[PDB]
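Chemist: Each chain, letter by letter, is given below.
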Amino acid sequence: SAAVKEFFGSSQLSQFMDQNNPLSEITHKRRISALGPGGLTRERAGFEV
Amino acid sequence: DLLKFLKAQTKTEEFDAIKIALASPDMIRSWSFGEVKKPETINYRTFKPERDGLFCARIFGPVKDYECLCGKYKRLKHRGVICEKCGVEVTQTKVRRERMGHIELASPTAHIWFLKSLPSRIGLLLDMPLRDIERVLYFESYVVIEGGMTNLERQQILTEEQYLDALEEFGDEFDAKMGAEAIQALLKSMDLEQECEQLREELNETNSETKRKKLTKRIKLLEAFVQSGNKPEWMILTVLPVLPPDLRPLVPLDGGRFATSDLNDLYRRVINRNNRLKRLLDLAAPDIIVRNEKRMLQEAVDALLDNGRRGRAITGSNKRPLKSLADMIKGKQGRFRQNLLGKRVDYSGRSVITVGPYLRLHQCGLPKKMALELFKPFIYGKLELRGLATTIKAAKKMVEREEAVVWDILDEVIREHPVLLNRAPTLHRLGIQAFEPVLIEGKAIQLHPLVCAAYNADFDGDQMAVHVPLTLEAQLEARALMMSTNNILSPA
Amino acid sequence: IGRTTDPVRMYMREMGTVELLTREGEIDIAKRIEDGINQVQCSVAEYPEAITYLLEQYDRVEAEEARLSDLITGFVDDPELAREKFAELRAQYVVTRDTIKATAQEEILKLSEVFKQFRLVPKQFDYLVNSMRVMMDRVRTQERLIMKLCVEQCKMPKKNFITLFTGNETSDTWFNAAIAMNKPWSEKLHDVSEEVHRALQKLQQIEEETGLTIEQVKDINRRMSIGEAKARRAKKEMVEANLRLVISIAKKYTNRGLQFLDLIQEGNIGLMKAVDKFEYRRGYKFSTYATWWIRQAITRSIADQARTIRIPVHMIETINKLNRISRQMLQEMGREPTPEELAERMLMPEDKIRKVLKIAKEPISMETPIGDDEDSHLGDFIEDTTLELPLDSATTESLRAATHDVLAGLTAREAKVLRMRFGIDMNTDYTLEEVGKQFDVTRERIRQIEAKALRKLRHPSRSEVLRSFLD
Amino acid sequence: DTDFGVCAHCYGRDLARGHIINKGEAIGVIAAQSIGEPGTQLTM
Amino acid sequence: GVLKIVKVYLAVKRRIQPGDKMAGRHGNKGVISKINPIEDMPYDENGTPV
Amino acid sequence: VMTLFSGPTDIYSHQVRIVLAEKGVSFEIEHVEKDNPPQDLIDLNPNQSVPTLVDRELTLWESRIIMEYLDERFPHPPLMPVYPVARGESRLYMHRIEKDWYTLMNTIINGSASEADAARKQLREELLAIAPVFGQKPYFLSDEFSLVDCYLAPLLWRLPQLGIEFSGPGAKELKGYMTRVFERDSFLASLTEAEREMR
Amino acid sequence: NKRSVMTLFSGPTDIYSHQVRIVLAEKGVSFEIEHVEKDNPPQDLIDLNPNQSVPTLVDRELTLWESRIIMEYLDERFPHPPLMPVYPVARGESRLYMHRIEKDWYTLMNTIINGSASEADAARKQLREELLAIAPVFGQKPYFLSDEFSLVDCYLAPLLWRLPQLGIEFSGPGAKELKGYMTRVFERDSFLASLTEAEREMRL
Amino acid sequence: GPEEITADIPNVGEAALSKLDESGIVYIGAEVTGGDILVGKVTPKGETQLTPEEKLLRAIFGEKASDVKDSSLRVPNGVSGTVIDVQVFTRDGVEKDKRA
Amino acid sequence: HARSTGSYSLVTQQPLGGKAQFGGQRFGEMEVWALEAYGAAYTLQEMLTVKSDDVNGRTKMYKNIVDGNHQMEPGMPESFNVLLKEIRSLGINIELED
Amino acid sequence: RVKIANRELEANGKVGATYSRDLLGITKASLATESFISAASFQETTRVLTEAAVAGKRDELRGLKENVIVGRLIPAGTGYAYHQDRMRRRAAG
DNA sequence: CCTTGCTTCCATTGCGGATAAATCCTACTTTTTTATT
DNA sequence: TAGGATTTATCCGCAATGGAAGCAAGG
DNA sequence: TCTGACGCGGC
DNA sequence: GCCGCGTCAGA
Ligand SMILES: [Mg+2]
Ligand SMILES: [Zn+2]
Ligand SMILES: [Zn+2]
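Going down the list, the protein sequences come from chains A, B, C, D, E, F, G, H, I and J.
The first sequence: position 43 = 43 (my numbering), numbered continuously.
So the number in my numbering is just where the residue sits in the second sequence, counting from 1, plus 1000.
So the number in my numbering is just where the residue sits in the third sequence, counting from 1, plus 2000.
So the number in my numbering is just where the residue sits in the fourth sequence, counting from 1, plus 3000.
So the number in my numbering is just where the residue sits in the fifth sequence, counting from 1, plus 4000.
So the number in my numbering is just where the residue sits in the sixth sequence, counting from 1, plus 5000.
So the number in my numbering is just where the residue sits in the seventh sequence, counting from 1, plus 6000.
So the number in my numbering is just where the residue sits in the eighth sequence, counting from 1, plus 7000.
So the number in my numbering is just where the residue sits in the ninth sequence, counting from 1, plus 8000.
So the number in my numbering is just where the residue sits in the tenth sequence, counting from 1, plus 9000.
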C-alpha cells in the first residue's frame, strides 16, 4: 500500500484534474508528458526533443 | 577614562571593512555560550527544550520573553537574573537568535572546505598530493611525522605493514600518526618562514615553468599565511561551533506536525557519533572499532559543513539529500542571493494593468482598495491628526469600516505622494518608474499608454507591482530621478 | 585500493582481514581472558589494602555503611556464608599480616590465595584497581620529580643515578654513597638533597601504607598490568573475530532512522560488552550469547537516537506494540482498526491509545519542495509568531503616552501611589505594604487611596477620555 | 586615468538627460543593462 | 488530535470587471479595460450597439 | 523624621541632597561644619562625618551607601536600572568617577598650585575627550538620569569654581549635558546658596 | 574578544580576591580562577582594567573590579542563595557593616605588614582587643548578626583566616564564641572551596 | 485543553454574532462578507503577563481579561458570498452539538 | 494583493504570507539594479532595510509614519546577521571591523 | 598604477616597475575582484570564501553590491555625496 | 466633609501517591553487507 | 524491531499562610 | 546536459 | 614540454 499510494498521491504524473471545462478535463486525460520518472527534465532537455 | 569611550565606541553598529579569517579553536570557544553535550531537542511531552541539547535554554537564552524555563522567575523584578533550577537567564528571547554553542570533538577532524576545494589548501600548503592526504584521513595508511635520525622523510607515507617493519626496526625516534590527528601534527610542526625562505631560493634558481609556477603558487600561499597570521593547524577542526537554535528552528505546525531544519539532523548525527567516540575511547575498544568511529565522525562533520562532496548523506525517511551550511550560503535561492539581496518588501501590492488613456504622463490609476491598504499607516496618522479618531486603534476600526471619511483622508495623503511601478522582468532601468496615483475604482492598475514600450508591457494579462516610497528622501528621489516625465530618452 | 570514499566499504574491507574461529578456539580465547583477569585479581590481592578493604567493607555493611550485594557476587567454592567467609578471611589476614618479620611474603601469598576464592562486584573491584592506579601514580610522580631534580640540578647521568636511587627509594644509601664516591654530580647532590630526600620520605610513608617495598609494589603492579594487557589482547581477538556476527545482526535493522554504520557501531559496543560478560564454562557457544547483547544494544540505540524528538524507550515499546497489533488487526479484520478496536485488542484505557497515536508523527523537513518542486519549500511559509505587530507596538506606545497624561490629572500623591501600585515606568510593581512603608503611612489607608484615585479617574471627563480610549 | 572610477570627461554624456554625466552616477550598472536588455528579443 | 471539523461553502457570483482576461479562440487575448455605458458604444442604422 | 547632616558645599552632601530632592521626601536637614559638629552626631556616628542620615532607628555615613539605601527604600522614581549587569556598570562608573576625579578636585583644592593646575589641565582634557559620550544618549549612558548623574553633575557644577573652562568642541556636548541636568528641577531644589556662588 | 566561562583575576592571597572567591563558591557558579603574579596583574589584562587592580571579573562583555561591586553584582545576578537581607533597612545596615569593617580592620591588616614592628604589634593588639570586644555579639546568631550566611561573613572569613599571618592566637574573654564562629564559617563547604593552596598554607 | 466551537466569543458585538446559530455555526443562506464570523471558535489560553499599563487598564475599567483567545473562522476579505452548505465531522466519542 | 505590514518569515525576518495578506512583492536582483541605475540610493536603502529586514527599524518606521514624520533609521538587515552566523558556524571567523 | 605614481614621486625608492595588461572574461574578472563579498555573492561561493579565509582578506566595501548586502547607502547617485563626506570624516577626525 | 481599625477570604509554597523514566539482563545456533539512473 | 524486573524521579493534587477585600467603626 | 576550466596525468 | 582525462560550477 505504501508503494501504490505513494505513486498515486505524490508523483509527478498524478496531478490535480484540470477541471474548469469539459474540454479542460478531456484534454488533461489525453496528455502525453515526456517528464516524470525515467523521463526528461524541463532543464536537462533540451532544444532537440 | 577614555576606555569608557572605547567601549561605547564598540557599542556602535557603524563600522567599515568587514574582515574574514580562520577561526582558532580558542576563538570558536569564545563565540560560544556553552557546550552542547546531548542530541536531544525537545521533550515530546511538554515541549520545553532539554538541558544542553541542540535547543537548550541555558545555552541559547530563554524561550519566552523574560522568564526562565522552570517558570520560577516571571516577575518584572528579575530581568537579568540567572535562575538556579534551570540555568536560564531572564532576557528577551531574541537572544535565542545570536548565541552560538560548541561541540568538543573527541578527535580532530579536517574542515572539508580546506581539503576538498580544488586547489587543496591543506595539500598545497603541505605540498602533499590530495590523493595521499585522503589516504591518510581515512586511516588507510600512516604518515611519518619527524622521522628523526632515520631514513624517513618528514612526509613519507607508509602503509600498515611498512610502518610495522619500521617499528620492528626502530621502536622509537620516529613518529607516524594516522588520520586527521596526523595531518594536524604535520600542519602544526611546519615552519612557514623557514620554508618560505627555502622555497624562495629554490624559485630563484630552478628554471622549468611548471616548477616555477607551482613554486610561485606555494610561496604565495605561504607568505599569505604568514601575513594573515592565521595558524594553518586551524584548518583542522577541534571545536565545532553550532548555530543559534533560532536559525535552525523546530517550529510546531498545527496538529502535531513539527517542521524542522535539516541542520538539526546533521548536528544530531555529529553529536551522536562524537558521544559514541568518547564512550569508545573510555571503554578502550579494539583499535579497528575506534578507527571506524573516527572515520564516520569525520564523515558526519563533512556532511554538516558541505553535504555532497562525498557520499551525499540524504535525510531519514525522505529521499532528498540533506541541506548543509554550505548549501545555505551558496545557492541562487540560497541566502546571500535570496537573503541580503532580492528581499521580500512591505508596502507593496500587485495587480493587472489596463490602459486608461486619459492620464497625463506622470499619473497612474491606482485602485482604491489597493491604495487604502498600501498607505494604511499614513492614514492612521492622518486620522489621529484631525481628531476624527481618538487613538490608532480607533483609526484601525475606522479604516476597517471604510467610513466615508477615510476616503477623503485617503485622497488627502495620496495628494503628492508618488508610487513606484515595476513590471515583472525588470530588464533595464525603465522597468521601474514612479508615477503619481489617481484613485480609481475597480481593481486594475491603469497605466499610461506612452510608457508601455518602456515597460515592454502588454495589456494581455501582464501584472505590475506597486511600491510606496516612505521617507522624504525616497519621495524626493522618486519625484526627481524616477518620475516618468524624466525618462524620455533611453540611457542605451 | 580503489580510492573509495564509502566508509562502509572501508570498514567491511578492514574487518575481513581477520577470519572467524572455531567453537573450541573460542574456549581457548576465553581461557586466556580468564588467565589475565584472575591474574590481575591475584596481583591486587597481594596489595594488602585489598584484603583490608574487603574486610572493612563487610564490617561496614554489617553496620550498613555499605550494601549487601555490592561486595560479592558469589564464591568460587548468603549471609551466614558471608559472615563465616569474612571471619575466615580475617583469620588468614591477621595470621599473615602481623608476621612481616621470609614467611611474610609467602603468608601474604596465601592471603592472596584465599582472596582468589571470591568474586566481588566489578564495582568494588574497580575501586581496587583505581587504588592500584593512584598508588602507581604516586610512584610515578616520585620517580619523575626525583630524577628530574637529581640529574638537572645535580647534573648526574641517568645510569648511575638509577642504579642506586632506584631499588630502595626509601633508604638514602644512594644519597650518602654517591657523595662518598666523590663525583661532581655527587657534590651537586647536596643542592636538591633536601627536596629529593623529603619526596623519598613521602614515598616511605606511602610504602608504610602498602607495607611492601616500592620495589615490591612495582613488581606487583607490573605483573598486574601484564595480566591486564593479556586480557585486553584476548578480548581484541575475540571482538575482531565476531565483527562479522555484528554485521549480520545489524543488517536487519537498516531503515529505522540510523545509518548502517551507526547500527554496526552500536552493535560493536554490545559485542564488547558480551565478550566482557561471557562465560564459556556453561558450554554454550559464544554466538548464542553475544547475539542477545548485540540485538539488545542495537534496539536500545535505535530507541535512543533515531527520532529528532526523542521519546523514552518504554513509549517506543508501546508504539511498536501498537504497530504489531495494528498489523494483525488490519490484515485480519481486513479494513483497519479504529482506536476503539485497538483499545479492545490492547487493554489501554482507550485514551492512552490516542496519546500514543499523537506522539509518533515525526518532524517534516523545513525544506521539502512545495508543490511541483517549485522555487519554494515549506520553509518559506512558516510565519514568525513571537513578534508583535508594528501596529501593536504603536498601540502600546500611544497607550503609555495616554496613561502618562491621564496620571497628570491626579494629585502628586495619587499618581505616585498609582504608578507604584502597578508597575508604570518603574521596576517591579510593589504590594501596597511597601507603598505605605515608603509612603510613611503604613496603613490600610493606601488601598483606600488607590481605590479613590481609581474612582476620581473613572469619573467622567477624566475617564471619559479612556472610556473613549477604551481598548 | 582615474583610479577606482572614471572621470566625468572620459565618459561622455549620453543619458536620459542630455548633458555631461554627473559625478556619482553608476555607469557600470546602466551599461550592463543596456547591453543585456536587448538580446532577449533578437538572438539572430 | 482533532475533535471536530466544520466546512462552510461560500458561493460567489463574480461579475466581469475591468481587469479580467478575455479571449477569443484564435489566441486573441485581452484584458477588458472599460465597461462602457450603452449609449456610447458604436451602433449601426438599427441602433443596435456593439 | 529622617535627618541629613549635610555639608555646606561638600559634594558628597550635594549628591545626597540631590537624590533626596529626586525621591522628593521630607527630611529635617541640618547643616554641619567639621569644627564643632553637633553633639548628637558625635553621639551616633563614631566617625563624626558628613553627610550622614538617620531614619528613626538607622544611621548611615558614606554618601554612596546613603544613596543606595534611599533608592532601595524609596523606589519612585528609580535611579538604578534592573539589569544586574547594568546596575554593576553603573556602580562601577559611580566608583570610577569618584576615584579619578574627586581625587582631582582634592588636588585643585587641598593641593599645591602646581599640582592644582596640572591636574586641572588633566581633568579638563579628560572631560573634553569623553564629551562625545553624552553626545549620543541624553544622560551619562542612559535615557533617564540616574545615580551616576547624582555623582557626576555636582562635580560638573563646581567647574567654574575650579576655574576649569572649556575648549571649542567639548564645550558643545558639555553644555548640552549641563543644561540637560543643570535645568533639572531636582538639581535646583537641591542646591543651596553656599553652592550657587560657585556657578 | 571577551572569552568565556567568566574568569576571575584572583590574586593568590589578596584578601578581596578571597572575598569574591568565597562568594562565587556560595553561588556555586562555574568560573575560572586566574591568578596574578603576586601583586602586578598579568601585563595583558591591563587591556581591560586600566587600574590594573585585582580581583577582576569578566563575563563575556562586563568587566568589574573593586570587590564590593563584584560581590553585589554576583548577589544580584545569581539570586540564590540570597546573600543579603531583603529589606532596605537591613541591606543598608549590612552595606554599612561592610564599609566599617573594611575601613577599620582591613586598613589595620595592611598597616601590620606595611608599617614598622611598632605599628605591627600596635595594630595587632588593637584588632585583638577589638575582636574580643565584638566577641559576645557573635554568640547571638549563628553567623555575624544574621541567622544565615550573609555577605558580611565574606568580609570576616578572609580576615579570620589571615590571623596566623599576623600572629594572633585567640585567648581571653571572647576567644570562645570567636573560635566557634571561625569553626562555623571556616568549615563551611563553600569556604573550603574558596581556599587556594597558599590560603590553606596559613593553617595547619 | 480542547477548543470549543460555541458562540461565546469575547468582545464581538451582536452585529458580529448575528448570523451564528445557537451552536456557533453560521446559518445556511447567510449573505456574508469579509471578516464575518463563519464558525465561532475559542481556544484556551494562559500566562497573560501583561504590561503595567494594561494592568492599570484592567483595574480602572474592571475589564476581566478573559482566558480564551479568539480563533474563530472568518470570511477572507474581499470575498462576499452566500453560505450554501455546512458539513460537520466529529471524532467519535466527542458529543455532538445541536447543529451537527 | 497588497500589504502594508503583515507577518514575517521565521529564520530570515522578511515578509511572507498566505493568509490573504501575502508577502510583499519580491524585490529581486534586477529591481535593485534598476534602483542603482538611477541614483536612487535612499529608495533602495529603505527598500532593503526598513521595508523588509531591519526588525527594529521597521517598527520605528511605522511609528514615525503614524506620527507624520517621514524618516528612517537604517541599522542592519537581519538577513545579514543570519549570514554572519552561518559563516561563523563554518570554521570561518567573519566579523565587522572598525 | 598608484605603486608607480609613488615610487616615481620618490625617485630614489624605486628604479624599476613594469607589468603587462591582462584580460579576463567577465566571469573570471569577477572572481578576481578585490572585495570577497562582491565575488562570493555572485560566483561559486565555496571557493571564494575558502580562499579569502586562508588569506585573511579585508573588504573595504568600496562598492555597490557590498553596500547593498550590508544595507547602507549605496556609494552612487544620491548616496554618493554622503559616502564622500564619510571618507572625509575618516582619514581625519 | 474625613480617617483609622477589625474581620475574611483568596493566591502561594511545603507536602503528599501515581506515573514516568532509566538500568539491567537474557544462553541451541545464527558470522563480508547493502546498496543503488 | 522483548520484555520482565528494579529502581528512581517527576509530576499532579491537598492543604497551610500571607496579601488584600470588606466592612465597620472612630476623625 | 553540456559547456567550460582546469588540475592532473599520460606521452 | 604537450595531449587526454577526471572533476566541479553553472544554466
Ligand atoms: Mg503579455
Ligand atoms: Zn528557572
Ligand atoms: Zn577620464
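These are calculated hints, taken from the structure and not from any lab test.
Do not rely on the hints blindly, as some may be mistaken.
Below, a list of computed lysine-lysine pairs in the DSBU-like style, where the Cα atoms sit at most 35 Å apart [what the hints assert, rightly or not]:
# : chain 1 : residue 1 : chain 2 : residue 2
1 : H       : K7064     : I       : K8019
2 : G       : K6103     : B       : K1077
3 : B       : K1048     : B       : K1011
4 : F       : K5099     : B       : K1007
Chemist: Decide if the proposed pair is consistent with the structure: H:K7064 and I:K8019, CA atoms, cutoff 35 Å inclusive.
Modeler: 30 Å, holds
Chemist: Against the 35 Å threshold, does the CA-CA distance of F:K5099 and B:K1007 hold or violate the hint?
Modeler: 19 Å, holds
Chemist: Starting from G:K6103, check that the Cα of B:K1077 is at most 35 Å away, please.
Modeler: 33 Å, holds
Chemist: Holds or violated: are the alpha carbons of B:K1048 and B:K1011 at most 35 Å from each other?
Modeler: 33 Å, holds
Violated hints: none; the structure is consistent with every hint.
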